[PDB]
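Shown here is one chain on its own, the form deposited without ligand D16, set out as structure tokens.
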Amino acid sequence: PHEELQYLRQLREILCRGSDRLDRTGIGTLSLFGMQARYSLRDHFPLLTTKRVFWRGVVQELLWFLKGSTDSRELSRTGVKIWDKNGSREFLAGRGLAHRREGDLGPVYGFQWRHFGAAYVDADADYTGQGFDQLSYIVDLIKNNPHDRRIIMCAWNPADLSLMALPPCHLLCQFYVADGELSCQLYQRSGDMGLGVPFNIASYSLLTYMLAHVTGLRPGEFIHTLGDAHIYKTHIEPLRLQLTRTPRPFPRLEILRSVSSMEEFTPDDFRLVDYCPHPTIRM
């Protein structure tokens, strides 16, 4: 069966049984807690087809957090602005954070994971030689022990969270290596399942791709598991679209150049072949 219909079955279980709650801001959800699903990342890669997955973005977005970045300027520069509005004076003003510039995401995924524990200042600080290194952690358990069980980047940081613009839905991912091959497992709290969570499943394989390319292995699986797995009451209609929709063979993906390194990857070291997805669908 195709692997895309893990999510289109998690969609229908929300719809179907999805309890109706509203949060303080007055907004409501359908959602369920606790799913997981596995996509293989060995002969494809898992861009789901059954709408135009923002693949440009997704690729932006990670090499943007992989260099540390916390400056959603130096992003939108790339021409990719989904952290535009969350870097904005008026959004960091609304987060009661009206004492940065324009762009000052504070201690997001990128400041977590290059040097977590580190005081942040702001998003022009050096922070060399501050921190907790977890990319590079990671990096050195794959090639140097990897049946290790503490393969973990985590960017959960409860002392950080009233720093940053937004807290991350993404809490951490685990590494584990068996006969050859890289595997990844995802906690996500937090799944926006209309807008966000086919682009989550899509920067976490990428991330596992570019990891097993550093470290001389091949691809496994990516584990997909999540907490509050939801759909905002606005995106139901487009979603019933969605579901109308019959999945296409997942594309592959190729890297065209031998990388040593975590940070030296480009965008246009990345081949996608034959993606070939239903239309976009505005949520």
The other form holds:
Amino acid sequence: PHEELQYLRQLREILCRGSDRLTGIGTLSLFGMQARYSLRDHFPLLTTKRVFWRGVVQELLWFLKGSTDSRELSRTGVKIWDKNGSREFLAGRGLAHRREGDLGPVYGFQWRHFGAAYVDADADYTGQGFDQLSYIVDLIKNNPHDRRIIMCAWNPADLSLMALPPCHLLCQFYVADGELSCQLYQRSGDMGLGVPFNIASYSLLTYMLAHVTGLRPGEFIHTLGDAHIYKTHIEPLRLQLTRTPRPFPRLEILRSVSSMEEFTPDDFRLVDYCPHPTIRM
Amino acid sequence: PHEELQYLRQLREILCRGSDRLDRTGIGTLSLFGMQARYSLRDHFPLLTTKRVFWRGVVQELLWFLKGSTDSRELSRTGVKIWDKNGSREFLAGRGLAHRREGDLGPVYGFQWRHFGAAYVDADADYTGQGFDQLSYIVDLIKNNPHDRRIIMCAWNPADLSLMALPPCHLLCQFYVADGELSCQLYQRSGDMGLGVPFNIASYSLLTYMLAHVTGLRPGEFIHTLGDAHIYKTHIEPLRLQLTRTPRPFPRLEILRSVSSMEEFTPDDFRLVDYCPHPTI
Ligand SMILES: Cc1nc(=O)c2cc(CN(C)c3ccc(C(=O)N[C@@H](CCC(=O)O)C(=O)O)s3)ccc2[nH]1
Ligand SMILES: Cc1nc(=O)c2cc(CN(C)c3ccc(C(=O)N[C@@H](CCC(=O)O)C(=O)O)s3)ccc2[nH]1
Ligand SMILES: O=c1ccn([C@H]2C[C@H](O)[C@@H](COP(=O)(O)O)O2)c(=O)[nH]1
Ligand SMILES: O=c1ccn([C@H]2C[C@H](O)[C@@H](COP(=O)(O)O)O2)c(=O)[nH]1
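Would you generate the structure of this protein in the form deposited with ligand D16 bound, following the form deposited without ligand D16 above?
Then the entire complex follows, led off by the chain already shown.
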């Protein structure tokens, strides 16, 4: 039974039993969902519609950098954070005095410098705040059965400095039988666009962490809070609800990388990815 | 089907195929990673019946949390001693926390809920207007923007971990409103299925009843998401016994008078009817 059917059943449920609720734009939604994806023999990149894999990779490395600069992601060809880094959008957020591309203390800053005072995207933060990436990497290496291997992006005190508050709040990691697993808690999930993307991101993070630590990829567990469908997306989502999953691709890591920071997009080969055609939403 | 059978199934799964691990202090647990159970709050209250749950503790401890107290001496005064061991002068010394008055647990749940991001100095100090008051934040959201997808309270603060007596188990809870009902999901990084988890279920269910009462809504669903779900090997025998017990119907919870603020609840506003658990083990 294909694991992608979990995602497809969740879609089907939200569309059929979801709550119909409206500030700006309207959605169908359910609350509390969990799905499991094996990482042992394949990589759970959804096949019912093509997922922007190039975006997935560039954005994770950009996160892992600690960068909060939407321009630096943009330079690589990935424009998904650009609407949010415009001086116009920032102004609308009451953050007008930002330079272009300064998103505030978003994921990268929270992952590498939690609790630090944010100044701007160009400030040097070395040795400031709590480095969560170094923290979990050390625990996975030297104390793998620890129950506190967590990386959290939710920092309520920093919300008003943020262009957009984080959706995927925290990940926890788990080690058993030489396998590295990961649970992601996502407060909010757009099933039409974000959620396939998000599944891929944290699955990737786990492959990367597994590699760097000498472990094999295990399970990725996806726990949603608000799982929702935007109503404008209903006829394209019914389209994808008709399609049968193709087998998952595999993910190869093309070289020895000793540090989470030394990865490059060319270290990853996506083998045998054959999605159905892209659906625009 | 009776909801407690979710918990008991989880017990059995862990006992049957759980992973046999040791910590770096040598103690053995069986554990599994990634679990979710749903408990209805509408017609009843999910206080577990196959073993008696310390309900007096549940109530006093939560009221204690909601006040922002990080003083174990205060909870202990009520006759509830569950945090006394962690508050002892010797425990804190064992943690490497000198200059600590007895009962000073550090920036734990209460401090995080009320003053997230604030500079902790001590349990007696006064933090008014320091940090981010998450409790007011969520009560406000549930009242004035119930469909917000960021109705979050979080206790995981990486920067404060070395200052805490114990690191938080309940990382965060999220709330959700639909069709006149308040719902809640909790992310728990670590659950002792033997002692902690029944208690923990009662705690956040109770919190949801209180929030529902204060905001003019009916208790909806409580979703319980776990990370490391485990059983200490020493308790396997009493748990075998527990698993033979047939669950009895859940009690109910009546809130006596009208309470207008989350801070004005007293242990007396709560009527538990009728809790008839199998004998304690
Ligand atoms: C309403 C909303 N839903 C989302 O899913 C969402 C996601 C992000 C960030 N994110 C995690 C994204 C992942 C993928 C994206 C995207 O734009 N994909 C395009 C592909 C672009 C292209 O043509 O190359 C798409 O397929 O529409 S955006 C930001 C705001 C959002 N807003
Ligand atoms: C290893 C471990 N497991 C736990 O479950 C745990 C729980 C807490 C805090 N906690 C969340 C607790 C919930 C319930 C508790 C308890 O001891 N209840 C007693 C009541 C004692 C009495 O009635 O006098 C009991 O149920 O027997 S303690 C602290 C450390 C822990 N440590
Ligand atoms: O990584 C992401 C980022 C955003 N979103 C979606 C979820 C919501 O539909 C919207 C964010 O809006 P709020 O939930 O923050 O209001 O974008 C995702 O699914 N994944
Ligand atoms: O509210 C609580 C507090 C603690 N624990 C348990 C979980 C673990 O067995 C232990 C905490 O140890 P660590 O997870 O921190 O190692 O206590 C709970 O189940 N619930």
